[PDB]
Structure formats: structure tokens, C-alpha cells
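As C-alpha cells, one chain now follows by itself in the form deposited in one PDB entry.
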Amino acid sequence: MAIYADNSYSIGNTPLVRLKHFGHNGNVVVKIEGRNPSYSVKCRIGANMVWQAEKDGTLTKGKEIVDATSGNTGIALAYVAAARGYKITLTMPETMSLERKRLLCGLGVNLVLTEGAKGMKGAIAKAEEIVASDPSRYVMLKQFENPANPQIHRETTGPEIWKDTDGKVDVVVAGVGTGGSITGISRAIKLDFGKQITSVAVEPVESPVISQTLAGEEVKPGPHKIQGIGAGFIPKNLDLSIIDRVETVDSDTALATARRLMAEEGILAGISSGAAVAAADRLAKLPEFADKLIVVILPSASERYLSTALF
């Protein structure tokens, strides 16, 4: 009955755990997306972007996946490519955390390292350059704009939250990288299940481009340490229309918070999980949110961050 034909189908069904040392009388609950193949929420879009591209005919046997990503999406696409028998090339600055170069190499990824001083843009340039060499051979999935990103969250992540809270969820707090998570979850709960919850996007105070944009202020991205969020631009897969509130969190507090999750709750989450919880804790301690059930996405697990600043 419940046997997955390959690892890409085993995505999701991640659990909700109530926090004891955050929030007020258990109003803060976390969704542990570290409980996923490849250990992050991105396993969901890794799978669905491939599935959709197959259904569309844009991805077929023989064709190669090419994309730029220096985060969890590369690991997600790698495991999906391996599971379903696609060749994959990932471009990323030559400033990767070796372990990730090995993890990816171990997954069969053709690593193309670009110059670091170029950063992501360097890498995306090389990706598109490689796609240009034979557009018939290479397909780029484009996580920041590919609608299959938020769609998978609308079909799985959102419905899991609804079901596990028995529709009692009042607030969703999620860090924004591509925006896919908050977008899909919000669409699911507000539009499909019809409940007017509060959707809270989280971003680094160091690079608060969503806050600046919505305020009509000058957009000034900046460097930060909250891996997975703060892209420094507004991605196409962030639907600003469903965002009710934006909370900013600083890198040190995000880090301190992730450490508290481990030491105090026995929850092994990544830096961005600490950021999401710090924002949620702030809301949870406002009297306006006292009798509200707040669900916080924890995007990844902490062992992906041994030798960062977390440990």
C-alpha cells in the first residue's frame, strides 16, 4: 500500500511540535521540515519542479538539469535527479562549505564552481551560459519564479498544517527565500480552506527588502548570516498580496534562537528556523495574539550547519 516508487514521493507529512519555552501557554507550534528527504523544506519543490517539468514535456530522458543554487535547493534537486535518473549540473560560487561540495558530488551532481567575488550572479550567468550552449539539452528549473514551487506548498504543506491543527491555525510565520512556502501555505489556508489567518513573512533586519518595498522606501539589500532567507530582492514566487505582516530578525538573535531550540526544546533546527521562531515568539507575546495558534515553519535541520556559526 504505502510504498513510494522512489524517494521523491516521500516528501512531506512533517510533524507539528508545541514549544515549551517560547510563546505564551503553548500558542507557538513548529512544523519540522527538517524531517524530509535531503533534510529541508526544499525537498518539496525539488520534487514538484521536476514532476511538473516532466508533465510539461520540458524535462525528458536525455535532457540535463542545469541550475544555480548555493543552498538547500541544490541538495533537493540532486536527490530528485538521482532518484529519477536525471543528470544534473549545479553552478555555485567557489565559496561553498566543502561538505556541501562532497554531499553534492556524492549525489552525482556535476559541480561547476564559479568565481566567488561574483557570488550568485556569477553562478547564474554560468548556468544560463551553459544552457545557451544547447538549449535542447539543458533545462533550468528557476526556483525563484517557477510556479511549481508555491504550488507544491499549496497542495501539501498548507493542507498538512490545516489537517494537523484541525483548522485551528490562526497565524503562519515563515522566512522568505523564494517565497514559495509562505505563498503556497497562505493560498491553501485562505483560499482553499477559506480561513482568514495572519500570514507573516520573515526577513533579516540586515536586508529588509520586503519591509522597505511595502513602505515605499529605498530598497537596500545587505549581507546577513541567516542562510536560506534574505535574497536581497523580491522574488516572483513571493505573492505580496497574501502577506499580512512582515517581521525582521537579526542574524545573532536568529542564531541564539536556533541554539535555544536545541538546548531547551531538543529540536535540531537551522539558523533560519531560529529566525522564524524569534519572529513568532515576538508576535506570540503580544496580547492581540494570546489566544491565537501560531504555526512556524522550521525550514531545515541543524547538522547541515556544523562548522557555520551555529556550532
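Residue numbers count along the first chain shown, from 1. By rigid core we mean the largest C-alpha set that fits within 1.5 Å across both forms. What changes on going to the form deposited in another entry:
In the core-aligned comparison between these two forms, the C-alpha of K101 is the only one from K190, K101, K87, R84 that shifts by 2 Å or more. Remark: with the core as the superposition reference, the CA shift of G119 between these two forms reaches 2 Å or more.
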Second form
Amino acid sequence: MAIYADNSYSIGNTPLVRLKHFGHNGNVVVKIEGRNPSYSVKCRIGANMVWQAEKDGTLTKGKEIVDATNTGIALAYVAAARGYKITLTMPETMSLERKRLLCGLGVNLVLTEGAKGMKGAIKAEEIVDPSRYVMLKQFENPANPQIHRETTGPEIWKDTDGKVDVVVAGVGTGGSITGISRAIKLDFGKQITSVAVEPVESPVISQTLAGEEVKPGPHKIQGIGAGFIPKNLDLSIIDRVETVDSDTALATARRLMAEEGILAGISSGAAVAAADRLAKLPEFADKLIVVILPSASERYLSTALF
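Switching conditions: you have the form deposited in one PDB entry, so give me the form deposited in another entry.
The text that comes after this line covers the one chain and nothing more.
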């Protein structure tokens, strides 16, 4: 009987869809993480961070969840499904529909100033006298990459029958590309190309790897470009870094909608734009490129996407 005891266990098994108007002869395939319990890739880590914290006793009945953040919407539905209280912090700058959703899920919301971005959101460590609160810390909590190592990567391996050659993923916390790369490279033993994507507006991974001045900047690609290197980004399994600009990312997401019939978020367009560039290099012509589409476009109705 495939009946889940609560919504948190229904995470993953997202589909692979071949692109028709990007890439070269179908070499670009997308993984639609929009099709998850709270409709983003973060559902996977919202569940596992809560699960793991239960497993080692730091999360118990009567403790209240805290973190800074789609991760919020993920933790909120998990908190609701499993019966936890939850306070959150989010940059004010994020789309209204994720603001609106959190309130309906029972969250104690606390917006933070947009100019300070995620660093400002992480005004959350402030929040956690302990004993009552527990902060889950998505940017460094290893339970974030390991759910991707346990489910998302294996889903990609199985659905491609081991044929995946390249994985393209935008980087926020870095959990996705880390767990996925570790699974396919270390668990399944295949030397793929792991491609991190970041905004050209805030290319801190590129600058770091080049031994250059780290200069983050503001951008419109919600989800990625934290402005620093997160602990949950394993630089050692990253083979390549692609940068993408906001306008192109937006245009690409619109194209996914109107030309492919795929309802994808802003960061999904960035990831595909990056993948499309690699896919049109002759060196990648015989390569199957798998691209993570982290979220769905209805969570961006209030944004420059529409």
C-alpha cells in the first residue's frame, strides 16, 4: 500500500522532461521539482532536516522550529503535517505569493530588509533564547545535501538508466548540486560534469575559484546567488561554473512556459539558459544534460516573470 502517513513522506519522484526548443537534438532534459508536496525542490530538505532533527533528539514536541529562507514554505507544510510550531525569517524582497502562503500554513512570519538579503535574513540567529527554539540552518545543515544524495540523485540515475553525463543546477544553499553530484559520482561511480549556476550579477563562486575579489551584487533570480559560499556547497565536486543574467533567466523561464508548456520559476530559466549554452558546444553534443528546475511559475505571478 503506497499511502504516505503524512505529506512529508510524499517528496520526490519528480519527472524528467526532454526539451524541444533548447539544446541540440534532445540532449537537454529537465527535472521538474515543481512537482513536490509544497511545489519546490526544497520540500525534500524541509522534510529531511525536520526528520533528522527528530532522529537525534534536537527536535521534540514543544520545541519550535526556526530558520531563514521556498525553504520556509517547505518547513511550514512539514511543521503543519507533523505538528510543530514554526517561526521564520525571509527577505522582504521575495515574491508576495510565498509571503501569503506562509501565513496560511500557520507560520510566525518576520520579513527582513531586502538590501541586506539572505545574510540579513540569517536576523534569525538573533531569534534563537534556546531550549524552546531550534534553528535548522539550511545553508550548513548536512541533512540538506544528503536528502539530495538519497533521493534526487538516485532519481536522476535511474530515470536516465545511468546515461546522465551532465547535471546543471543553480546554487542557493548548494545542497542540490552537492548531494546529486555525490550520489552519481561517488555512489554510482560515474564521472559526470557537475555545473553550478550563479547570477552574473553576483558571481562569488566564479570569483572565489579564480582567486579574485569576491564582490556580490543584487539580482532578480530568486533562489540562487546568496552572495557568499555556503557550507553546503561542496566545491570539490563542482566541475564548472556558469553565470547567467537576470533578464536572460526571466526570458528563458517565459520561453519554457510558452514554447515547452513547462511552468517553471525564475531560477529554472537561469539553469536552462546555462544548460543551453553548454548544450550547443560540440564537446557536449553527445552528452545527456540534466537540468534541475527548482520551482513552479505560479509562485512568481507577482514577479517580473509575469
